[PDB]
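**Student:** Each chain is listed here by its residues.
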Amino acid sequence: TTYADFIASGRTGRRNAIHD
Amino acid sequence: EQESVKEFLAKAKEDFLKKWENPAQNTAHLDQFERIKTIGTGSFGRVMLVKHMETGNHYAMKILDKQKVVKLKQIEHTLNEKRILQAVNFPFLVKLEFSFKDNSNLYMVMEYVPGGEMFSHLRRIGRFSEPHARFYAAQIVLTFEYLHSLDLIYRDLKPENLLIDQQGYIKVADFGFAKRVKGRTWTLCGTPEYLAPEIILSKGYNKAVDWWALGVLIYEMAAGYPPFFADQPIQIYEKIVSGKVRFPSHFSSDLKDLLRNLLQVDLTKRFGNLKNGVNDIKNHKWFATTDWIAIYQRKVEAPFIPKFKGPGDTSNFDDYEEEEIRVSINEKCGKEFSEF
Ligand SMILES: Cc1cncc2cccc(S(=O)(=O)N3CCCNC[C@@H]3C)c12
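Chains as they are written, first to last, in PDB author numbering: chain I, 5 to 24; chain A, 11 to 350.
Each hint should be verified, as a subset may be incorrect.
EDC-like cross-link-like pairs, simulated, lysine to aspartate or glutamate; straight-line CA separation at most 16 Å [to be verified]:
#1 A/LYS192 <-> A/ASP241
#2 A/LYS189 <-> A/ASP328
#3 A/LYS81 <-> I/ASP24
#4 A/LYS189 <-> A/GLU334
#5 A/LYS317 <-> A/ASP328
#6 A/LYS213 <-> I/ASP9
#7 A/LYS83 <-> I/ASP9
#8 A/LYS47 <-> A/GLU349
#9 A/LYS292 <-> A/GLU11
If you are wondering where the hints come from, they were derived from the structure by calculation, not from laboratory data.
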C-alpha cells in the first residue's frame, strides 16, 4: 500500500530544508 | 465580511510597518535566563526551554552560531527571519519575545509552545481525519492571508514547522526563509516534498508557492504521507514537475477538488494566485462548515488537546544530546550581523 511504502522509505523523520 | 478583512489587514499593515522600519533590538541578555532542556535542533544551532528569572515565564530560545550561518550563506535569510518576526502579530504566528547577540551567537527567545510539533503527532497517529486537518488548514489559510498582505512569503510550510499550543491551536514557528518581497524572487529554498514546480525549474516565483505548499500540507495531514515522495530529493522533483497526483481512496470528493486546485502546476489556474484572491479557498465547498471569524477568535473546539503535566514540561518533545553554549572572548561576524 502507499502508506507501507512511505513508513519504509528514508524520508519519514524530520525533513531538512535545502540551501543552494 | 470581506470588507472587515480589508480593514483588519489595513490596520495590521500600519502596525507591521512601524516595527519593520524600526526593529526591536537588544531587548535582553543570555544570563537573564535559566537554560533547562534542548527541545529541538536545526541546522543553525539548538532550541532550548528557558525560564526568565525576573518574571518566571518559560520561553523557547533559538541559538544560532554566527560562524555556521556565514559558512551556510544564510546571512541575509537570518536578518530576514528576525526583522520579519519581531514585526508581525497574529494568533497563529509564534511570538518573538526577546532578541540579542553576543560574541558567538544569535539568540531568538520565543513563546514556549508546550504541545509539541504537528509532525510528531501526525507520524504517531498516522493521519488526520478531514475535519481535523480542516481545523489546521484553516489556521494556515488565515495566516498566509495575513502574511501575503504584508508582502511576506513564508516559504517553508511543513508539519515540522507547525507547533500545537495548549488549546490545540497552531503556531507557525521558524521564519528562516520568510522574505518581504513585492514581485518575483529566485532563491532555491524550502523543503523538497513541498517545493513548487517553478522553484525546481528555477523560474522565479511569488507568494503562490505558499499556496501550493498549503496543498501538500493538507494532503499530508489527511493521507499520512506526502503527495510526492521518494528516498532521494531528485526523484521527488521528478514527481513534482510531472504534474500527477494520486489521491487515497478515502479522500472526499471536495478535498480532492481543493488539492487539484492547490497542487496545480499552471500558475494562472492555481488557488490563491487568481483574481478573487484567497477567497477561492475560503468560500470553497471543503471549508463550508468553517467559520473563519471563530477560527480567528479561538472559539472553536480543537479536535485534539495536547498533554500538559505543568509549566516547563517537555514531554511532548524529544530528548537531545546536551552541549554547552560557548561564548568566545572575541567578536565574530559583527559587520555581517550588525542590524540584528
Ligand atoms: C519546540 C519549540 C517550542 N517552543 C517554541 C519553538 C519555537 C520555534 C521552534 C521550536 S522547534 O520545535 O524546536 N523547531 C525548531 C527546530 C527545528 N524544528 C522546527 C521547529 C519549529 C520551538
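**Student:** So if I understand the rule, the pair passes when the alpha-carbon distance is 16 Å or less; does A/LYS213 with I/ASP9 pass?
**Tutor:** Outside the cut-off at roughly 32 Å; violated.
**Student:** Within a Cα-Cα threshold of 16 Å, do A/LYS192 and A/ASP241 meet the stated pairing?
**Tutor:** With Cα atoms ~35 Å apart, A/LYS192 and A/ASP241 exceed 16 Å; violated.
**Student:** Between A/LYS317 and A/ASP328, is the straight-line Cα distance small enough, at 16 Å or below?
**Tutor:** holds (14 Å)
**Student:** Going straight from one Cα to the other, do A/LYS189 and A/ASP328 come out at no more than 16 Å?
**Tutor:** violated (30 Å)
**Student:** Hey, A/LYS81 versus I/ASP24, does the alpha-carbon distance stay inside 16 Å?
**Tutor:** Distance of about 12 Å is within 16 Å: holds.
**Student:** Is the hinted pair A/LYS47 and A/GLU349 satisfied, with a Cα-Cα distance of at most 16 Å?
**Tutor:** violated (29 Å)
**Student:** Within a Cα-Cα threshold of 16 Å, do A/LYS292 and A/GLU11 meet the stated pairing?
**Tutor:** Roughly 12 Å between the alpha carbons, so the hint for A/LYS292 and A/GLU11 holds.
**Student:** Has the given pair, A/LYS189 with A/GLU334, been kept, meaning a C-alpha gap of at most 16 Å?
**Tutor:** violated (31 Å)
**Student:** Need the status of pair A/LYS83, I/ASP9: alpha-carbon distance at most 16 Å?
**Tutor:** violated (35 Å)
Taken one by one, the earlier hints fail for this structure at numbers 1, 2, 4, 6, 7 and 8, listed in ascending order.
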